[PDB]
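Chemist: Listed here are the chains, written in short residue letters.
Protein chains: 6
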Amino acid sequence: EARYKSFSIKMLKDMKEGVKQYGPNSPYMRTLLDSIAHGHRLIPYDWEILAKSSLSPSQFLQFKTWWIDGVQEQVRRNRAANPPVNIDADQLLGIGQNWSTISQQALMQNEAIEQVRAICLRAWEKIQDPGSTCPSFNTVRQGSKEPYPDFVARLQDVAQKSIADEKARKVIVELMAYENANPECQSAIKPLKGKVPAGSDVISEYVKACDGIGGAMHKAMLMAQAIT
Amino acid sequence: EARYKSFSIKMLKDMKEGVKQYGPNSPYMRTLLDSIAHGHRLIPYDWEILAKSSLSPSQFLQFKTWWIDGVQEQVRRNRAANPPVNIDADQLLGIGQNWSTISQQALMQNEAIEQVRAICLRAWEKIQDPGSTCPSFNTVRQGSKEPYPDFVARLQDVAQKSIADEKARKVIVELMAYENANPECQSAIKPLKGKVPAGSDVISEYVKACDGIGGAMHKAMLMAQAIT
Amino acid sequence: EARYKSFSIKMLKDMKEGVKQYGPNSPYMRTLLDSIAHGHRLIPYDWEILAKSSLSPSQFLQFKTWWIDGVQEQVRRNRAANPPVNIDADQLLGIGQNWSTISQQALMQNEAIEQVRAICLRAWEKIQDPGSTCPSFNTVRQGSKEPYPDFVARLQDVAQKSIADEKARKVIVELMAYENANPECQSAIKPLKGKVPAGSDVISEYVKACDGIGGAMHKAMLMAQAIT
Amino acid sequence: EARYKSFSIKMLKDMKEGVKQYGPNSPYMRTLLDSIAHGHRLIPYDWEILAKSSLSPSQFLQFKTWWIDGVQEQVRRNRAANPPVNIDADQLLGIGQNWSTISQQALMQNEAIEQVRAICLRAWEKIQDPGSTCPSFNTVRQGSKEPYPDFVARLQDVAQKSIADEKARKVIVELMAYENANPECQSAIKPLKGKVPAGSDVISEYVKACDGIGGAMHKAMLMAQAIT
Amino acid sequence: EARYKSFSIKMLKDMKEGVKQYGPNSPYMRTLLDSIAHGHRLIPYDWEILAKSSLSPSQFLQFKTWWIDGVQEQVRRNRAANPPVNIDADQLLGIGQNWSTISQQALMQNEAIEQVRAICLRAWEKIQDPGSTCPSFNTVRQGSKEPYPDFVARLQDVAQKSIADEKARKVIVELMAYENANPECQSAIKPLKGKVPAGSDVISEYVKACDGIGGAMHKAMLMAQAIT
Amino acid sequence: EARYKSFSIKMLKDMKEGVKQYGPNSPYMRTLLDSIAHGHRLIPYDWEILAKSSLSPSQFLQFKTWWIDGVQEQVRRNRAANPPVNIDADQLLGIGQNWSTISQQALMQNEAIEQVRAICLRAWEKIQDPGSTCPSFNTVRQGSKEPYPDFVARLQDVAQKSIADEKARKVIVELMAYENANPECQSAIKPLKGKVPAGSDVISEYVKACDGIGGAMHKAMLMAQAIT
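Chains as they are written, first to last, in the entry's author numbering: chain F, 1 to 228; chain A, 1 to 228; chain B, 1 to 228; chain C, 1 to 228; chain E, 1 to 228; chain D, 1 to 228.
Only chain F is shown next, with the shape it has when bound in the complex:
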């Protein structure tokens, strides 16, 4: 991450972190990809950088391998077109005498550009999901002094950003809302957990139950418990 300054830093910094804490195929990352891909039209060079600067080394290597395969697919299609489309593998990858540096890739037509975009995004989706890298839905833990309402919001935020199906997302938040809570709050949730009535939102009850923990009142109570 050196070289003084590139034509764009923030977005690349953000995505790099995003991938590390949410995963290459996460809703969060997929959203940014969608955003940036449809907006800042990219050339094969750009994609080379965008992935290189945001995916972990091994993840990049899978991306690029898949990329190449995707290109090959489209080249078959382009030769099979009637009329044929004059776009070779070299143009789609940004590899060769005619499509090397930015100056040549800058002259790509929208047909080629689009086709590259499609390919890459497919390739991206083909990146193997991390089963171990900061699966943030279970790394977020309540800090010793953090208000439960902040915790939960944080948790949910992460869940929105990592878990794709809302149904599952909901379950996970509920489970983690208990499991990763600090002792101070688990003791409030434990007698509630599993007894929450239908209709009422679970994490909603959980906030209520913990309402007050961390304040003066709570401390006083615990001081009573220390003496008694």
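The reader is advised that the hints may include incorrect statements.
The list treats identical chains as interchangeable, and a pair is accepted whether it falls inside one copy or across any two copies.
Straight-line distance between alpha carbons at most 20 Å, and here's what the computed EDC-like set of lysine to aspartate or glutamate pairs gives [as the list claims (entries may be wrong)]:
no.	residue 1	residue 2
1	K5	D34
2	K161	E1
3	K20	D150
4	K16	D34
5	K16	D157
6	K13	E1
7	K126	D34
8	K208	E179
9	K16	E1
10	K5	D46
11	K52	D34
12	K20	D157
13	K161	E17
14	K219	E146
15	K20	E1
No lab work stands behind these hints, which were simulated from the structure alone.
Fit chains A, B, C, E and D to the known structure of chain F by using the hints.
Modeler: Coordinates of chains A, B, C, E and D only, in the frame set by chain F:
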């Protein structure tokens, strides 16, 4: 929210958040719309972005559907004018051969622009009110260590920004001032609630009652209660 | 408060807040008006914005009504001049065919400009004093953990900024120094209040009396009181 | 303090505050005057602003009255020169047909400029010392939780900035170090005050004596005192 | 670190600190070198600065000594080429009549530049590893009030940045996670240390064990211990 | 420190403070001098400012006196050269008809410039060491709530920046590490001081001994001591 940088970010970021926490038809959002609509005269492209970047996906879809309908209405009127006004649906939506990109929409006359503004603002108002999305008047809760006066001010601020009729606004603040207070303060308000005499402002009394909570004095008292 | 950016923001933001917390005719606001009016010479358009962006809706409406009246007065005078002065109502309000947009108002002579300034400032002073809007001299309250010396300074600051006659200002600060203090400090002031000897400044004694509240010493004392 | 922006703000803001908290003739203010006067050569207009923007209304009026007198003195000298020096009162004050606006004053010769500088600085020194305005050497007080070493440093800083003769400065710091200390520290200094042996610096001993106040150790002690 | 401003500061500041806290051959430093070397193509002058500004005096001297040796090696190779390559020692070091200042070094060909890069990076790797300078994997210690989860993350971060072989890295983190913990947490880890079952991650258990330390609950417990 | 803005501020601000807290001949100041002198080549005017803006009034006066003497020395040498070197005292000091303002000094040759640099740096070193001005190695004291590890690091930092011979530096840090510690930590070090075994670093042991002070554990202990 990628693509490095647009010609304007802050306002769009603000409104996006605003809609999420106060709602599309809220006084807050409606105020900003009014401000920006009458000021930074907009073209159909702009409106497409302004809504797309601030409304939730489903909300956008309702906006645009309504938008189109609104256009149709005005087109009927324009054809029914004497003399006829040369403004077709294509010009009002920014869809077609003559009114596609910004460069063509930039040449719209003030008659067309205005008409678009009117339409959109009507369309905006036709967006279905969220009955669930962060109804912030009941999401704001007093933090464990927050002074009651800050809480209330916050509450009121939100109420000004979400509840349109002052009469109702007042009631809601009063109710929420008790309900969402932390335990430390509810215990001070509970013996007061419902016994507040006419004339005297309710939340004014509530502040008085809680004056002192959170300081050293309060803690000392509670330490007495811990021992005793 | 949208439209991306105007040729000037901070001053207008400041004044808007100022009016809300101190009042249209307050020493604070009157000072800024004086400053800006004599300095950044203004055209009727500017005044239209300056008031529109800083006065509350109802307050603006009173301003402008009065503005017009003021203009009428000066127009009578201008016609009664010997030689007559060629300045009509249209020029003073910025309303009409010859004095509409900024481009025409930019060509106003200093005689007209001045006359507008005089009018507006008079008009401003004719805005009805709020008897309810954040009368900050009685909204400032001591926070639960705030040192009394900071409180007092704050109070005085506000008093300088809202109360015009120093004599009264002094009384009000003294009264509010007690009344809006937190319980921790009222208990120190109560036995002093009303018994302060002549000559010695009242709030000076009040600081002395409360010197120490909020520190470790104070807490220790109160812990004694909790146990005993 | 409005008018959007002048060609220079920071310095003027600083000096205004400086005068309010240290006084027009204070070492601090006199230092900045010396600095800026010898450096950024000024014209009578500038001086008019520099004083107007930094001295309190009444103080300004005394400045300018004295200014004028000073000019008169130099005009006598200039007429009495051999050869006579062509510098009239109008040139030194920046008042008149030939020396009005900046454009004319910009053409002043260094002889005139200097002479103005000399005059003003003398005039400045003739401003009556405030016997009441924030005599900061006795307004600085130790906060309830402030470390004593910090307090002292602050005190000294102020003393350097307000008291001119070091001999007196030293005495005042020593006296105020005790007098304005918080109760927690006075109790440590009181048994030392007045018994400090010669040679050893007084405030040095005072720091030693209070070393430790405000930490956990100190609190524990005081908790013992609460119970006992 | 004076001279007002160079054409680039941040990176050089970062690396200087990096070398001091992680070491010249650390994964962290080696990563930045790789990044910057392959990206911002450098001339011998640049390398002279890059090392001079980031390596400790003695470390620089070893670098440069090795640098020269490396050059000599390549010069042998260049003379042994068929055809011979016209690159002398003077060109590779940036020393001499033809390759002195930046203006002459700017004209180096990519063959020479590359060759310099290779040399330097080899030379860099030949810098003797510090066995004493801030071996940060054992300087990071848990602060008295720091949550254990933050500590550990910090520790790991440092380990990633200083220890090259992951296998060893893991061991070191585990050992230091106990050893450099504060007393509050060691008492929680001590009964666990060495009894952690296979499969379960060690520092994962360690976090669990310490979950809760530093909160109100923990303090209450300890207050019980104080009394009892 | 007025005059709005010079061509360079930061460095001069830094050095001024540096001299005040570490001393004119300190390693810290000497390092910056070396840096800036060899880098931003200076003219006699610059040196006049650099010293004037960083040395205390009396210190400046000694500098300049010595400066002049140094010049005289070099002038003797220049006249004694074979061939003679055309550099008079006027050129080296920046005093006279031919070498007055920056415009003339800008035309100095590198021979003259260098010679000035040498002179000044020698002159600088001839500035009398302060035996009283903030000898920061004995002004830094541990704050009431500061972790011992931060203290120590701070101390060492200062020692690196003020004490030149490492041998002595080490002793001083060790002594001050005890002496300027707060009571909370002295009580931990006192039983260790002087009994530290050879080989093991002294301040290393001192950190260990104090590890834990300031946390919850420590407070609990002290609460026991309060009751008992």
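Chemist: With identical chains treated as interchangeable, where does the CA-CA distance between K16 and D34 reach 20 Å or less: within a copy, between copies, both, or neither?
Modeler: both (16 Å within a copy, 18 Å between copies)
Chemist: Measure nothing new, just compare the shortest in-copy and cross-copy C-alpha distances for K13 and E1 to 20 Å and report within, between, both or neither.
Modeler: both (9 Å within a copy, 14 Å between copies)
Chemist: Quick one: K161 to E1, C-alpha cut-off 20 Å, is that within a copy, between copies, both, or neither?
Modeler: Cα proximity of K161 and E1: across copies only (14 Å, versus 25 Å in one copy).
Chemist: As a check of your reading, is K208 near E179 (CA-CA no more than 20 Å) within one copy, between copies, both or neither?
Modeler: both (17 Å within a copy, 11 Å between copies)
Chemist: Indicate which option fits the pair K20, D150 if close means a Cα-Cα distance not exceeding 20 Å: within, between, both or neither.
Modeler: between (23 Å within a copy, 18 Å between copies)
Chemist: Given identical chains, is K16 near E1, meaning Cα to Cα at most 20 Å, within a copy, between copies, both, or neither?
Modeler: both (11 Å within a copy, 15 Å between copies)
Chemist: Checking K52 and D34: alpha-carbon separation at most 20 Å within a copy, between copies, both or neither?
Modeler: For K52 and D34, both the intra-copy (17 Å) and inter-copy (14 Å) Cα distances are at most 20 Å.
Chemist: My question is about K5 and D46: at a cut-off of 20 Å on alpha-carbon distance, are they close within one copy, between copies, both, or neither?
Modeler: both (16 Å within a copy, 17 Å between copies)
Chemist: Is it within, between, both, or neither for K161 and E17, if the alpha carbons may be no more than 20 Å apart?
Modeler: Answer is both: 13 Å inside a copy and 17 Å across each meet the 20 Å cutoff.
Chemist: Is it within, between, both, or neither for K219 and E146, if the alpha carbons may be no more than 20 Å apart?
Modeler: both (14 Å within a copy, 15 Å between copies)
Chemist: What label fits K20 with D157 when the C-alpha limit is 20 Å: within, between, both, or neither?
Modeler: both (16 Å within a copy, 14 Å between copies)
Chemist: For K20 and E1, with the copy left unspecified, which applies at a CA distance of at most 20 Å: within, between, both, or neither?
Modeler: The answer is both: 15 Å in one copy and 19 Å across copies each meet 20 Å.
Consistency with the previously given hints is maintained throughout, with no hint failing.
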